[PDB]
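With one protein chain removed, the remaining protein chains of the complex are shown where they sit.
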Amino acid sequence: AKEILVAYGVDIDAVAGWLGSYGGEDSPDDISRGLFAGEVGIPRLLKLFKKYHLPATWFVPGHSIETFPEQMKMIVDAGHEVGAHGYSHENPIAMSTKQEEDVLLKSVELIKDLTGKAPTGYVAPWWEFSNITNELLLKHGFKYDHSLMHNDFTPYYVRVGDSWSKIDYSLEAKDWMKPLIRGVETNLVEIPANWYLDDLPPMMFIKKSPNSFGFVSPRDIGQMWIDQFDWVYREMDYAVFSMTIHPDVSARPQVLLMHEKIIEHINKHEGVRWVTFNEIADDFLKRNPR
Amino acid sequence: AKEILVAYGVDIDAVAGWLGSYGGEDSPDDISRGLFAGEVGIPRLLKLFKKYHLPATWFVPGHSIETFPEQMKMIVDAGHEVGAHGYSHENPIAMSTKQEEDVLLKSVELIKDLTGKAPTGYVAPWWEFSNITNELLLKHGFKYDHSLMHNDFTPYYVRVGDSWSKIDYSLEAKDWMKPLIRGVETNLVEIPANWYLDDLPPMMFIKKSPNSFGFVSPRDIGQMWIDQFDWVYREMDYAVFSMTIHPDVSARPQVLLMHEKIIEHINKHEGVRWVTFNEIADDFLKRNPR
Amino acid sequence: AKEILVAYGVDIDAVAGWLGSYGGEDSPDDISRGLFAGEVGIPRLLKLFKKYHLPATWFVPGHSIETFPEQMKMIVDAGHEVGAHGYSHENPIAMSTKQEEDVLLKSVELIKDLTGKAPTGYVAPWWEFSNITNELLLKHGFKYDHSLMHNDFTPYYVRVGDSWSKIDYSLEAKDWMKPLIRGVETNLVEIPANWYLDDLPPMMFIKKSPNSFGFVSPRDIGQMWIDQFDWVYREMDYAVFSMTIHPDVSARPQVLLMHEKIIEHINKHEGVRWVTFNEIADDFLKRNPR
Partner (left out) sequence: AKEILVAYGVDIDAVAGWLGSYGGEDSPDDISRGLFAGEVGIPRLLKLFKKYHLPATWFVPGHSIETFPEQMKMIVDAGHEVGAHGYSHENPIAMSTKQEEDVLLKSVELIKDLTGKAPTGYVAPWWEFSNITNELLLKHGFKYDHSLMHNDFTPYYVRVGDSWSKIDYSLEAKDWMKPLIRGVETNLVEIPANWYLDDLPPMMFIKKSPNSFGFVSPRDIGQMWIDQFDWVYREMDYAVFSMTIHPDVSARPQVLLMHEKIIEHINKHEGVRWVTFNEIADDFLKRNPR
């Protein structure tokens, strides 16, 4: 009795990512790559998912929602779940609590008008926080997050109020020689993010980022994702194995192929169940309450 | 009835690239690499193309035209198409509309005196824009561009006048929470650029660029280009598959070899037709007008 | 009669690394990755070591000691050696001699209260010095270091007092055209660090570091470690082959697997003896005194 819950979470960065994270603000050429993600990328992923009768979760920035209305329709009509992901993919930590709350508000209503239901799930743009737990909870609806990394392949409840001492070399060592102090567990369930299961850093060329990659090969990345599944399957009876992808990157033919190899491999395993993130949270909320 | 139009577009960066893009301005050693591209690199590619009875398009910067006159003759005499690519490979977006127009003017007359005909095609240096659509059209001749990335393996007509709201954290979220607004379709046909089909970023060492690579292997890159062909061939009946290369990089023995494997692989496929970019634009203009 | 002493040295950077070296100070998301290292990472490595009845040395920052008390207990109870590694993983060279001495003091007493014995070994955070030899010696206990790189696969005694002339282009060449002047041999034994046998640089994504990697594949790294063993085994009769790893990186399923291949390979060789660093120093102190 092995139950491995595997899922694809699709972050639709498209133009919003270049506006909010990736330095493409003033680059007609980058913005053009954003338009590819929405207009050409979204449909290719939907083709991929349908070919394998797969469900999925789309974390769609408001901007992407209002900029690719025809593709948004295509996603809702497939029965896929829609989660929040900012408006212009702004890093939550560079905003005021007001700015960040106005963005969260705006995203909620965008997704409600589009789908009928309010979104249950959230992904922080570029994967930041600050006091997002507070708002995801305050801002109702939000049942789970997929931005944090306290864990690997098991969900968990997010503690709010963790604290730590930064180093200050203008002071004496005892002033900062203190441990991190864990806060208190909340009801926000975390389906963890993982840099090792994210297609974008390794495979998207970002000219303005000193840390850019983009020419790591789909085959080395494909193999690494499989390696992680193999271990997890071997060492766990209950695990959730979620993959973060973007149409910006994963709708490119060479990585489209990569996913076909990943999907076919996973489907050779028994106990595997493809789901959406909301179904992972629901199951976890039942699997162990409090 | 599968028609896959595949083409090699050769950007002759040589010395111009180091002067305009790659930080080699004050580096005798870099400039020396530029002289290799023109004097030794150009002939090696011509040898490659002739061995496989391949046509090709060369996007030659003015500077390269006036600096390698003997090699320019070798290219014209092979019957290859010549497109524009700046003078000293200056990024269009750092120029005034006047500077950029004087460069365009100068390039046009350089290519006309060299070939007899004015150039029909253009590639923006390092792949920028600004209001280049306007000028490529205004500046007559220009029938197509190969700098933008709204699409993959299908050409398209370039809309001018797209607009978007940048993020300003000095303002309130509603001030920038707006979609991108598409402009209006022009007659400039785009045969799209693609970082995943460009030899330079992965394989040229650029000391002054924090984002430099240069030691990614021709074999991982070769494989990635093939992977893209394989998918495109499998999933499309009409597609254009163009590769951007530079004598600076692709005339190096280890990547010369890489292309022989790529070319031999493509030639095993039926429906494949090697062409020049101008022939791709002509066919597209007919394949679907307006 | 071949004696190859091979060891795993585990640097528990966890949260301390993000606080002291890796720029994660103000990143809830990074700090969350630090918590993974301690809470989830430490136990996984212990599982790995136990599966192969391997001993090991853990270089635990004070911060990690006071932040993961339950996991610290799990390590001591396995019989593994505990060495120093700062408090908040602060780079020794950015501290005053007082700051650096207070950190050393504090680490010593932390490790003594936890284990009963004072630590014999030390690893400089991020691998710096300054006048650490002086203090490792002064601060008693410290019998060996694993931060320096004068050598490969043979330990040695650390000279204190080496000097060299820096270049100053405001002066005349003869002012800095002088050799490095070796100081005098101390009793501090060095079991050498090696970037080619460190899991973190190649495989941890560090957003704030221009020099970040993180998407190099475990299989290419695995192969490189093996390659080094193979040569050493082939060319030496007495050598010490130590690997630096972090729960932050090596407790990730894809590199967990990498180690199983490394361990199984090494165990196919005769003359190989798995030990702790303290046992390597003891043996070396006897193997050749002075």
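Residue numbering begins at 1 within each chain, and the chains themselves are lettered A, B and C in the order written.
FYI, a contact is a pair of C-beta atoms (placed from the backbone, for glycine too) under 8 Å apart; a residue touches a chain by one contact, two chains touch by 3 or more.
Partner chains of the missing chain, restricted to those shown and counted over the full complex, are B, C. The omitted chain makes contact with just one of the residues B:27, B:134 or B:154: B:27. The residue touching the chain not shown here, chosen from C:10, C:136, C:148 or C:251, is C:148.
In the full complex, chain C makes contact with the omitted chain through residues 93, 124, 127-130, 147-153, 162, 164-167, 169, 172-174, 176-180, 193, 195-196, 201-202, 210-211, 213, 216, 220-221, 223-224, 227-228, 230-232, 235. In the full complex, chain B touches the omitted chain through residues 15, 19-20, 25-29, 31-36, 39-40, 62-63, 66-67, 87-88, 90, 94-95, 98-99, 102-103, 106, 205-207, 209-210, 212, 214-215, 217-220, 252-254, 256-257.
As a convention for this text, only the chains that are shown with their structure count from here on.
Taken as a graph of touching chains, this assembly is arranged as a line, each chain contacting the next along an open chain of partners.
Distance from the chain A centre to the chain C centre is 34 Å, each centre being the mean of its Cα atoms.
Under the contact definition stated at the top, the residues of chain A that touch 2 or more other chains are 210, 220.
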